Structure formats: C-alpha cells, structure tokens
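A.B. asks: Chain by chain, the residues:
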Amino acid sequence: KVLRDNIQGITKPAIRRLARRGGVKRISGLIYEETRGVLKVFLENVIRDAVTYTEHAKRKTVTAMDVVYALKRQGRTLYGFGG
Amino acid sequence: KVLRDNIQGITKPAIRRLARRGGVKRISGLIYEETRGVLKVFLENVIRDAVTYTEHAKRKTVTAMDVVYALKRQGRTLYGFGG
Amino acid sequence: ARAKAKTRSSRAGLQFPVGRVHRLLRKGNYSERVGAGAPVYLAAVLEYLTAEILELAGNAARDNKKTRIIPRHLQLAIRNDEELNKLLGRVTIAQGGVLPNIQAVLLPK
Amino acid sequence: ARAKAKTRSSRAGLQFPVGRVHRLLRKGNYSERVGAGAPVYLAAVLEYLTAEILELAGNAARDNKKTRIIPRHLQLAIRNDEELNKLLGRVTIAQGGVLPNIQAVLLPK
Amino acid sequence: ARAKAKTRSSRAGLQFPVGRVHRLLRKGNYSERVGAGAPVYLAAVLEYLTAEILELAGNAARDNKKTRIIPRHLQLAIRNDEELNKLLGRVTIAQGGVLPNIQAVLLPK
Amino acid sequence: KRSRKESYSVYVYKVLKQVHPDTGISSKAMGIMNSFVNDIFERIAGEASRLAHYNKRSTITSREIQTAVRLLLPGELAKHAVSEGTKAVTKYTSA
Amino acid sequence: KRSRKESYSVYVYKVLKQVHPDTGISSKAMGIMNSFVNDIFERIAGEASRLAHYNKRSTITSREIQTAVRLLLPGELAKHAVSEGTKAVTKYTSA
Amino acid sequence: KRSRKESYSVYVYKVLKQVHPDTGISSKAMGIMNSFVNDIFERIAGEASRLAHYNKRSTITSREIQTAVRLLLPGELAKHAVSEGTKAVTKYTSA
Amino acid sequence: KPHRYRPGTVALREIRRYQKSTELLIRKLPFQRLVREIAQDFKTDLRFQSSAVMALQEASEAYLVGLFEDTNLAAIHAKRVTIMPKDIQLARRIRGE
Amino acid sequence: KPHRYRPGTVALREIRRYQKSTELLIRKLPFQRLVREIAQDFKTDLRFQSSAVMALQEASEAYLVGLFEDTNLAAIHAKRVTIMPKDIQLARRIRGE
DNA sequence: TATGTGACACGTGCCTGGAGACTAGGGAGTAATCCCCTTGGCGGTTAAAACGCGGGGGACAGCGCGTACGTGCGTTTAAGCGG
DNA sequence: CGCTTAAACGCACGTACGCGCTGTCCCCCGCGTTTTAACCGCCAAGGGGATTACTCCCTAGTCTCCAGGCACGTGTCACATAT
Numbered sequence: 020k021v022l023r024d025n026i027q028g029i030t031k032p033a034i035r036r037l038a039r040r041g042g043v044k045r046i047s048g049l050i051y052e053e054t055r056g057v058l059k060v061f062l063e064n065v066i067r068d069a070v071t072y073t074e075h076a077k078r079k080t081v082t083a084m085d086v087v088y089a090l091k092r093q094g095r096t097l098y099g100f101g102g
Numbered sequence: 020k021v022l023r024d025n026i027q028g029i030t031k032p033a034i035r036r037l038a039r040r041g042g043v044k045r046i047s048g049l050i051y052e053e054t055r056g057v058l059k060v061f062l063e064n065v066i067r068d069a070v071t072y073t074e075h076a077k078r079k080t081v082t083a084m085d086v087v088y089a090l091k092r093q094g095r096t097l098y099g100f101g102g
Numbered sequence: 010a011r012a013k014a015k016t017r018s019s020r021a022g023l024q025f026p027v028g029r030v031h032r033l034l035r036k037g038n039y040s041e042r043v044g045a046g047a048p049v050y051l052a053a054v055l056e057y058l059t060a061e062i063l064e065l066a067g068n069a070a071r072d073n074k075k076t077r078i079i080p081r082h083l084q085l086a087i088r089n090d091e092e093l094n095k096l097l098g099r100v101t102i103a104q105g106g107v108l109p110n111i112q113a114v115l116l117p118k
Numbered sequence: 010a011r012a013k014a015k016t017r018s019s020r021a022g023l024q025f026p027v028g029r030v031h032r033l034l035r036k037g038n039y040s041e042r043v044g045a046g047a048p049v050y051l052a053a054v055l056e057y058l059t060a061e062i063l064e065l066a067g068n069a070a071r072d073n074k075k076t077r078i079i080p081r082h083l084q085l086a087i088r089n090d091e092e093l094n095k096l097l098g099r100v101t102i103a104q105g106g107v108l109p110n111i112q113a114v115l116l117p118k
Numbered sequence: 010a011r012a013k014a015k016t017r018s019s020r021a022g023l024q025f026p027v028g029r030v031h032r033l034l035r036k037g038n039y040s041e042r043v044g045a046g047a048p049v050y051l052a053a054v055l056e057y058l059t060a061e062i063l064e065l066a067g068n069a070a071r072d073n074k075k076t077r078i079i080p081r082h083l084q085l086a087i088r089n090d091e092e093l094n095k096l097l098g099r100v101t102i103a104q105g106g107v108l109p110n111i112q113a114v115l116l117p118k
Numbered sequence: 030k031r032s033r034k035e036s037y038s039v040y041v042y043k044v045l046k047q048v049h050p051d052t053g054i055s056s057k058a059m060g061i062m063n064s065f066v067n068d069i070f071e072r073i074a075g076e077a078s079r080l081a082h083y084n085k086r087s088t089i090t091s092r093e094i095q096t097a098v099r100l101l102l103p104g105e106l107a108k109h110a111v112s113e114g115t116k117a118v119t120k121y122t123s124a
Numbered sequence: 030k031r032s033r034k035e036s037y038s039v040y041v042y043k044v045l046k047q048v049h050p051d052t053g054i055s056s057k058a059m060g061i062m063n064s065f066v067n068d069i070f071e072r073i074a075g076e077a078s079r080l081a082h083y084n085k086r087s088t089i090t091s092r093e094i095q096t097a098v099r100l101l102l103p104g105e106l107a108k109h110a111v112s113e114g115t116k117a118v119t120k121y122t123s124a
Numbered sequence: 030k031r032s033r034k035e036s037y038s039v040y041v042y043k044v045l046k047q048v049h050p051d052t053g054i055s056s057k058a059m060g061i062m063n064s065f066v067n068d069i070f071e072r073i074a075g076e077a078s079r080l081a082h083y084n085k086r087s088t089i090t091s092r093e094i095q096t097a098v099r100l101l102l103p104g105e106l107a108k109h110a111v112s113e114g115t116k117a118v119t120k121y122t123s124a
Numbered sequence: 037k038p039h040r041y042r043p044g045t046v047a048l049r050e051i052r053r054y055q056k057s058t059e060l061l062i063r064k065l066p067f068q069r070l071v072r073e074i075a076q077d078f079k080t081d082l083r084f085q086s087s088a089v090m091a092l093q094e095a096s097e098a099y100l101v102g103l104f105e106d107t108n109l110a111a112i113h114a115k116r117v118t119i120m121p122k123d124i125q126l127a128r129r130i131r132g133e
Numbered sequence: 037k038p039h040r041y042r043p044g045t046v047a048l049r050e051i052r053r054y055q056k057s058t059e060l061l062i063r064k065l066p067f068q069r070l071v072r073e074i075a076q077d078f079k080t081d082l083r084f085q086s087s088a089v090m091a092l093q094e095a096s097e098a099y100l101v102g103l104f105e106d107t108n109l110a111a112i113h114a115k116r117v118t119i120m121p122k123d124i125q126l127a128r129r130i131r132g133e
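Protein sequence lines, in the order shown, are assigned to chains B, F, G, C, Q, H, R, D, A and E.
With PDB author numbering as the guide, the letters of the first sequence map in order to residues 20 to 102.
With PDB author numbering as the guide, the letters of the second sequence map in order to residues 20 to 102.
With PDB author numbering as the guide, the letters of the third sequence map in order to residues 10 to 118.
With PDB author numbering as the guide, the letters of the fourth sequence map in order to residues 10 to 118.
With PDB author numbering as the guide, the letters of the fifth sequence map in order to residues 10 to 118.
With PDB author numbering as the guide, the letters of the sixth sequence map in order to residues 30 to 124.
With PDB author numbering as the guide, the letters of the seventh sequence map in order to residues 30 to 124.
With PDB author numbering as the guide, the letters of the eighth sequence map in order to residues 30 to 124.
With PDB author numbering as the guide, the letters of the ninth sequence map in order to residues 37 to 133.
With PDB author numbering as the guide, the letters of the tenth sequence map in order to residues 37 to 133.
Treat the hints with caution; some may be incorrect.
Stretches of chain B that chain G covers, calculated by requiring three or more beta carbons in the stretch to come under 8 Å of a beta carbon on chain G [said to hold, decoys possible]: (1) 41-54; (2) 91-99.
List time: in silico EDC-like cross-link candidates among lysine to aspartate or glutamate, alpha-carbon distance up to 16 Å [said to hold, decoys possible]: (3) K95(C) with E133(A); (4) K36(G) with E71(H); (5) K31(B) with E53(B); (6) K108(D) with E92(C); (7) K108(R) with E64(G); (8) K122(A) with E105(A); (9) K59(F) with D77(E); (10) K122(E) with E133(E); (11) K59(B) with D24(B); (12) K75(G) with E64(G); (13) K75(Q) with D51(R); (14) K74(Q) with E64(Q); (15) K91(F) with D68(D); (16) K85(H) with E35(D); (17) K122(A) with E133(A); (18) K31(F) with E52(F); (19) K74(G) with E64(G); (20) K75(C) with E64(C); (21) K108(H) with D51(R); (22) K46(R) with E64(Q); (23) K108(R) with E61(G); (24) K20(F) with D77(E); (25) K116(H) with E113(R); (26) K75(Q) with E64(Q); (27) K75(G) with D51(H); (28) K46(H) with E113(R).
Everything labelled a hint here was simulated from the structure, so no lab data went into it.
Where is the CB? At the ideal position from N, CA and C, for every residue including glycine.
Start from the sequences and build out the full structure, keeping to the hints where you can.
C.D. replies: If you want it as structure tokens, here you go:
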C-alpha cells in the first residue's frame, strides 16, 4: 500500500532502452537519476492535472479521458484513447 | 510601387544591439544574414495570418488588433496592444 | 405526403455526416447561429484530410508489405511529411515509435 | 417599488464589475447557463491576481524611486516571480526590456 | 405536374456537359446503347485532366509573370510532365515552340 | 441495456475503401484517427468561434471555416481543402 | 445569319476559375484545349467501342470506359482519374 | 461623441489605490493590464467551457472555475486565489 | 578467443532495433506502482484504469524520447558522443521546462 | 595616447546598457518598408496602422532576443563564447521549428 | 515456410438522430458618409550605418590519457501471465 | 497466488572519448571617419473604417417520420510465432 522509492523502479537498462530508441550512443552514469527526477516532475505535473479533473469529475478512480485532457492542457496531445 | 530589398534594412548594428540585449558577447560575421532569414520566416508566418484576418475582416487596412490575434495564435501573445 | 429521406452528405456529395457535424457544432457552443455551408465545408475539409492521410498510410503499409494500417505506419507516414510534421509537431501517437534516424557522427569511421 | 440598485461587486466586497464579467461570459459563448457565484468567484480571483501584480509593480517602481508605474517595472515584476513566469512564460510585454542577466562565463576574471 | 429541370452535370456536380457528351457518344457510333454512368465518368476524367494541365499552365504563366496563359506556357507545361509528355509525344501544339535544351558538349570548354 | 456511443468508424472505413480498397485497418489505429479527427474538429471550431467574435458575428459561415483552414492548415493542404470544399459548397448549393 | 458551332470554352473557363481565379486565358490556348478535349474524347470513345466489340458487349458502361482510361492514360494520372470518376459515379448513383 | 468602448481602467485604478495609494499609473501600463485581465479571463472561460462539456454541464458554475484556476495557477497563486474567491463567494452568499 | 563486439556496434544494433520496434521500454508493473505512489501523494486511494496508466506511459516516454534527441543534438553540438545531464538541463531550459 | 578598450569590455557594457534599456533597437521606417514588402507578397497595396508596425517590431525584437539567449546558452554549452549560425539552427530545432 | 488465432470485418436489430415542412425575425447584407486615419511628400539633421585598421581573444585542431561506460557472461528476482 | 523465465544486476576487462593543454591562425569588435537616410515635423489629400439605416435570407426551432450507424454476434484469414 504505502510506497517508497518506485522512482528507481524504472531501471537503468530501461533508461538505456529509452536512450537507444532516441538513438543516443553513449550514456553517462549521472544520466539516470537526473532523468528520473525530470520524469518525476513531468509525471507529477500531469497527474496533478488529471487528479484535479478527477475530483472535479466526482469520480474516485482516474480515467484516461482525464489523462488526455491533461496532456492537451500541456500542449502534449496524444492520440488513441477515445479522445 | 513595388519593393525589392528591405531585409537589409535590419542592419548589422541593429543585430548587434539585439544580441547585446540578448546577452551575446561575441557575434560571428555569419550571424547577420541567417538571423535576417530567420526573422524573415517569423515575420512572414505572422503576417500571412494577419493578412488572412484582414481580408476576413473585409478590410484593406491592416490593424494591430489582428496582429494581436495572429501573434496569440502562434503562442506568442503580446501585451500592450490588445484593444 | 412527405419527401423521401435524402442525406445532406449526399447533397454535398460527401461521406462525413453533415447532420452529425452540424449537431456537434450547435452543441459545441461556437456561435448561436451557424451558416448552412459551414459544416458542409468542414466535413469536406476533414474528409479531404482523412483521405490523404489514408493514402499515405496505405503507401507506408504497402512499402512494409502489410495489408492493414498499423500505428507504426501512421507514425512513419506522419513524420516523413514535412507539411504534416509541421501540422503535428506537438502531437504524439500511442505505440507509434519514431523515425529510424541516426546522426552521421554516430556512425563508425 | 424598486429597492436601491446595489452592486454585486460591493456585495462580494470587490472592485471588478460582477455584472460586466457575467455579461461577457453569457455572450462569450462558454455555456448557455452561468451559475450565479461563478462570475463572482472569477472576479475575485482576477482581483487577487491584479492586486498582487500591481503590488509587485509598485514595489519595483519604489525600488527605482519612480512614483508612476512603468512597463519596465511590469517586466521586472512579472519575470522575477517564479509562479508568474511559469504562468506567463510565452506571454510578452511591449517595451518591457529584458531581465538583467549575464552568464558567469560571460563575466571576466 | 413537372419538376424543375436539374442537369445531370449538376447531378454529378461537374462542369463538363453530361448531356452534350451523351449526345456525342450517341451520334459518334460507338455502341447501340451506352451506360448512363459512362459519360459521367468521361466528363469527370476530362475535367480532372484539364484541371491538372490548367494548374500546370497557371503555374508556368505565373513563372513567366503573365496573367493569361499562352501556348508557350502550354508547351513548357506539357513537355515537363512525363506522363503528359509520353501521353502526347506525337501531339503538336500551335506556336508552342520547344523546350530550352542544350547538350553538354555544345557548351564551351 | 447499454448506451450507444459515437464513433467515426463506418465513415473512415468507407473512405479507406475508396482511397485503398485492398488495405485493411487495425482498431487502435482507428482510435488514433478518431483522436485526430476530433482534435482538428475542435481546432477549426474554436478558430471559427473566435473569428466570429472578432468580427462580432453570431453566425459562423463557410467563410469563417475557410479562414480557419487558411490559418491552421499551412501550405498546400489549405488550398486543396479550399478547392474541394468550395466545390462542395457549390454541390450543396445545387441541392 | 450564322450557324451554331460547339465549343468547350465556357466549361474550361469555369474549371480555370475554379482552379486559378487569378489566371486569365488566351483564345487560341482555349482552342488548344478544345482540340485536346476533342482528341481525347474520340480516343477514349474508339477505345470503348473496340473494347465493346472484343467482349461482344453492345452496351458501353462505366466499367468499359474505366478500362479504357486505364489503358491509355498512364498510372498516376490514370489512378487519380479513376478516383475522380469513381466518386463522380457514386454521387451520381446517389443522384 | 462616439460609441462607448469598454475598458478596465477604473477598476485597475481602484485596486491600485487599494494596494498603493502613493504611486501613479501610466495609461500604456493600464492597457497592458487590460490585455492581462482579458487574457486570463478568456483562458479561464475556455477551460470552464471545456470542463462543462467534459461533465456535459449545461450550466457553468463556480466549482469548475475553482478547478480551472487550480489547474492554471501554480501553487501559492492557486490556493490564495481559491481563498479570495471562496471568501467573496461566501460574502455574496450572505448578500 | 571468444567473440566480442567493439563499443558502439551493439549500441548501433539496438538503436536500429528500438527505432524499428514500437513496444514498451518500461517494465509495466513498477511503472504502474510508481504512478500509484505519486498519485497517492495528491489524493488518497486512487484507483486506475489500466488504459489510463498506459496513456500516462506513452505520454511519459514520448516526452523522454523527445528530450533525448534534444540531448543528442546538444551532444553533437558539443562535438561529443557521451551525453551528460547538463545537456538534458539545457534542452529543458531552452524548451523552458 | 588615444585610449582603446580591451575587446569585449564595451560589449559587456552594451549588454548592461541594452538590458537596462527598454526601447526598440530596429529602425522604424526600414522595418515598415520590409513589413509592407512582405505584405504585398501576400496582398499588394494594403494600408497599415502604425500601431501594428510597432506591435510587429516589439514581437520580432522579443523573439529575436529570446532566440539569442537560447543561442548563447547553446554556445556556452559548447564551451564557446562566439556564436555561429549553427547554434541558431540548433536552438530552432530544439524549439520545434 | 509451416500453423493457429483472434481481430478485423461483415450481416443484423433498432431507435434515434437526422432529415422534411414551415415560420419569425433577426442577424446579416447593403447604401451612404465622413472624417479621421492613413498615405504621400518636402526640408534639416544628425545619429546611424557603413567602412577601414588593427590587434588581441577565441575557435579549433592535435595529441594524449585515464577513466568510465561497452560489452560480455553469470545470477536473482522480479516482472509477467493465468486464474 | 502460483509458476516461469527475462532481464536487471553485477563484476570484469578493455577501449575510446571527454577533456585538458597548447599552438596557431584568423575574426571580429574597438575606434575613428564618412556618409546617409531616419526622423521630426509639417502639411495636403484622400480613402476607407466605421457608423446609421433599411430591408431581407436564413436559420433556429418544432413536429413527423424514417433509415443509419452503432451495438451485437460471428466467422475467418493476415498476421504472430516457430524454425
């Protein structure tokens, strides 16, 4: 239930996979934690938005339609979830 | 009637002034024409839409309020000319 | 006693539904009246765009010898058109991937 | 037999015109119906925002010993607040100038 | 008694006269009956090809800074589209002239 | 007893069959196309709404939609859309 | 007193202003279009007639002329002509 | 004279004298603040309209105004805007 | 001797693979667990559509991968092939994050 | 001896001065000439409000200046102080342009 | 190249949303005007641009170097799938 | 919860790569001078933006009725997987 450091649940080889899909050749060891913090900031922005939608929606559970509204609020529109 | 060359009217010392406002300490000689081209692209992108407003406003006089509309269309909203 | 039912989409000669787009625009609260040719024109524009991206997806599928459109083919079609890339520079696609693209300095020798 | 025509801004203890804002919302076509407390809440939020930005502008004008607020003071106020700058990063002020900013690598030894 | 006469050109919604083309095919001795949609198809493909060659001609005229198209524009347009050129290799245009074309060894040095 | 939900499925599937009779579809690609068609729909509709406000018109006409196409759609897609849509305006005008 | 003579001028003019409102036309270029539409007309017409003879079909339908335009016109122009004619004949089928 | 043109000058001046009786205002800064308040107003109105259609709400009320101002305003601005708005809503509730 | 590729060859092969491939680069269960971890901080006992977690997913690595070609452009601008987090900082700050 | 400042000193003083200043750095009437020249490329012989001209001048100068801070960030990120147009192209590519 | 399969795709009920008939009236098209705003142009002037010399500061190549990821192989466990 | 491997970790050895330093060359700002056209500023002119009126085109809305597109069920072959 109570969760502690799942930011490191995103593994370093997963980050290497992400860099290789971006075509990055060589990755420093300092990269992974800084990118974890960056994605943490990004996720907490979008989940703050999606949450705010959700308690406004009078639903207790998050729906993806709130999620896509949150992403188009941030100028980061994503296609393919009934939007 | 027609005009042929006014892109050079944005002179090199004007670019130098803007770069010092931009905090640039040292400016190459290759900078000025490329900035003229980039500025040309930005101005034509905004003025095409400003035109499109102006005939859509059925006017032949270009107004600043349409300039505001065009600039805020491209995420470049300017304060000081609305209304 | 009454005229036989004839769709306004066929009156435009168009496929996207004129009545549905008109209803969406009326209930979408953009103006309290709307010109009759406006949703017809709108459905025509979206039909043109849907058509052209559908041929582009068809060519991407045929080049990769798959009979059915895949969001990978949508990604490859949408990113390789600079017109459509500038149309959708901020748009992401689910399970789309990226262009196969490498920098020259990343290649050996 | 009408009572004295009292103002809703004073009813909410506010400066911004509640009636004008409600009129703009009713004619800005955002919904056909507007809840009564909504323009009040909006006008209060706007009053708080305008109050804090004008307070910052007055502080900046006082810092430059200037008794009448300046768009340069507006720029210096709006860009030196983190919440305001992240609120209004893509918004530009006319004749604002820029923030005084020189990189340390630009600075000499 | 009778409805208003609405043209088959309007029924297709295309500019080329359907009735004239049907009349010509009736009096041109190609079959003893003709399908109704075939001259519609004819008018459609003719208007498509005239539209594209008129695009080419208008583009050439704007390249030559002329408002009205001339046979030189027609020549330059019809010779630089390979499908049109090999469509009309043996077809000659009045006052068209020739393509600007010089062999490499004709050039000095 | 379940409620009906709106989709663009039959229309996109038909226009796929005219543009490519032999080419199939995956379902989540249709979801992406649904998102695209909806997205451009409120882009053009919001442009039409604000352009109607700017000229103080309470009626949005095909002129406004065409202006919105010229604004949001760049380059060639705008002019081909204008050509086919004005064509469609004449087509409905005949009806 | 004169005799009425057919021309394809006015339809070329509607098409021209549909595709280029800014562009004029010279009358002998109009005559060249007249020669064009006539020449392609009996090219396709003889193609349809001889195809109708090949399958001994005494009636020429849209399938026949589609076959003929696929024969003479090459590829890109052929397939987009197919698309134009196909949507035209479907909207006539609805008409 | 001419027709009346809307402005927010008097309210800006009143709020200015609430926060700074001592200082003055330039009318160009007044115009900038008019642009500011119009921009924020249309922003909040836009997302309120969005949220009204998201919950399919025919009436726009203050709760999604709260939602929108919490959405746009970062942190401290958002909570104290909620505080000021809630205070004024309660005072108008008490007339 | 056993076979051993020189540095960059396996990197090139996996770059080409993941450019061609579209499937997820993140293990799904710790991702969902992290989403619940972050969301619980803002509102308690938040339940998730799995599709919502997935949409959060493709939004996340889309943002990351875009930041990654930004980082790569910064690195080739700096005449390098090894990226450092200051490149990511530069990309975010020029984007304005 | 006629005094000569060491290079970049006057450049930094200009940086301080023009960061302090708020006015437009573009000549107004050549800017209007270029604006009308590009206007007739879309529609010939229009009229202009001068307010539109200063609005375009403000927006153009602001966009250029922000582009130069991005260029300066790229150049110092490449451990240089002299900018080249490659830096500007890099910044435009980061901005998504 | 061999093989299952479920996802795509297609027949079917329906009701519901969209079209047909008709109207009120009102926003919208149009005429007029005028005046104010915009364009056109003319003289003085100087700052602003431009141009030349110069000379230091910076870009960048060369070269090495030590290290820090790349690559490779063994393990754990933890992600992943079914129910 | 119960298997069930895939990959995450982890170590280990090797290379190549950021980077540190310097040589070197050249580029561009500092400064002074020349030109020049920008700009004030002034005035003439006219043009169309905007305003008022007037009448009307459409269209939003209401009632009727019906067919279209989506839910529903199903079957089936393009593709996933294996080799």
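A.B. asks: A separate judgement is required for each hint: does it hold in the structure or not?
C.D. replies: Now the hints, each set against the structure:
1. Counting residues of the stretch 41-54 of chain B whose C-beta sits closer than 8 Å to any C-beta of chain G gives 3, which meets the bar of three, so the coverage hint holds.
2. Three residues within the 8 Å Cβ limit are the bar, and the stretch 91-99 of chain B against chain G gives 6, so the coverage statement holds.
3. Of the supplied pair hints, the one linking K95(C) and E133(A) holds, its CA atoms being roughly 9 Å apart against a limit of 16 Å.
4. A distance of roughly 12 Å separates the Cα atoms of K36(G) and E71(H); the hinted pair therefore holds under the 16 Å criterion.
5. For a cut-off of 16 Å, the pair hint linking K31(B) to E53(B) stands: about 12 Å separates their Cα positions.
6. Between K108(D) and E92(C), the direct Cα distance comes to roughly 12 Å. Compliance with the 16 Å bound is thereby established for this hinted pair.
7. For the given pair, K108(R) sits about 12 Å from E64(G) by alpha-carbon distance, which is consistent with the 16 Å threshold.
8. Between the alpha carbons of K122(A) and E105(A) the distance comes to roughly 14 Å, so the proposed pair stays at or under 16 Å and holds.
9. At roughly 12 Å between alpha-carbon atoms, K59(F) and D77(E) fall within 16 Å of each other, so this suggested pair holds.
10. At roughly 14 Å between alpha-carbon atoms, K122(E) and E133(E) fall within 16 Å of each other, so this suggested pair holds.
11. Restraint check: the Cα-Cα separation between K59(B) and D24(B) comes to about 11 Å, which is no more than 16 Å; the hinted pair holds.
12. For the suggested pair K75(G) and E64(G), the alpha carbons sit about 14 Å apart, so the restraint of at most 16 Å is met.
13. Between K75(Q) and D51(R) the alpha-carbon distance is near 10 Å, which keeps this suggested pair within the 16 Å criterion.
14. Distance check on the hinted pair: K74(Q) and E64(Q) sit about 15 Å apart at the alpha-carbon level, within 16 Å; holds.
15. A hinted pair counts as satisfied when its Cα atoms are at most 16 Å apart, and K91(F) with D68(D) qualifies at roughly 10 Å.
16. Note on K85(H) and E35(D): the hinted pairing holds, with a Cα-Cα distance of about 14 Å set against a maximum of 16 Å.
17. For the hint pairing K122(A) with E133(A), the CA-to-CA distance comes to about 14 Å; that is within 16 Å, so the pair holds.
18. A C-alpha spacing of about 9 Å is found between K31(F) and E52(F), which places the hinted pair at or below 16 Å, so the restraint holds.
19. Distance hint between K74(G) and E64(G) is fulfilled; the C-alpha atoms sit about 15 Å from each other, no more than 16 Å.
20. Pair hint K75(C) plus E64(C) holds up; C-alpha atoms about 14 Å apart against a cutoff of 16 Å.
21. Using a Cα cut-off of 16 Å, the hinted pair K108(H) and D51(R) holds, with the two alpha carbons roughly 14 Å apart.
22. A hinted pair counts as satisfied when its Cα atoms are at most 16 Å apart, and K46(R) with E64(Q) qualifies at roughly 11 Å.
23. A distance of roughly 14 Å separates the Cα atoms of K108(R) and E61(G); the hinted pair therefore holds under the 16 Å criterion.
24. Using a Cα cut-off of 16 Å, the hinted pair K20(F) and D77(E) holds, with the two alpha carbons roughly 13 Å apart.
25. Under the criterion of a C-alpha separation no larger than 16 Å, the hint pairing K116(H) with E113(R) is consistent with the structure, at around 13 Å.
26. Our distance criterion of 16 Å between C-alpha atoms is met by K75(Q) and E64(Q), whose separation comes to about 14 Å.
27. With a C-alpha separation of about 11 Å, the suggested pairing of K75(G) with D51(H) holds against the 16 Å cut-off.
28. For the hint linking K46(H) to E113(R), the alpha-carbon distance of about 14 Å falls within 16 Å, and the restraint holds.
The structure is consistent with each of the numbered hints, conforming to all of them.
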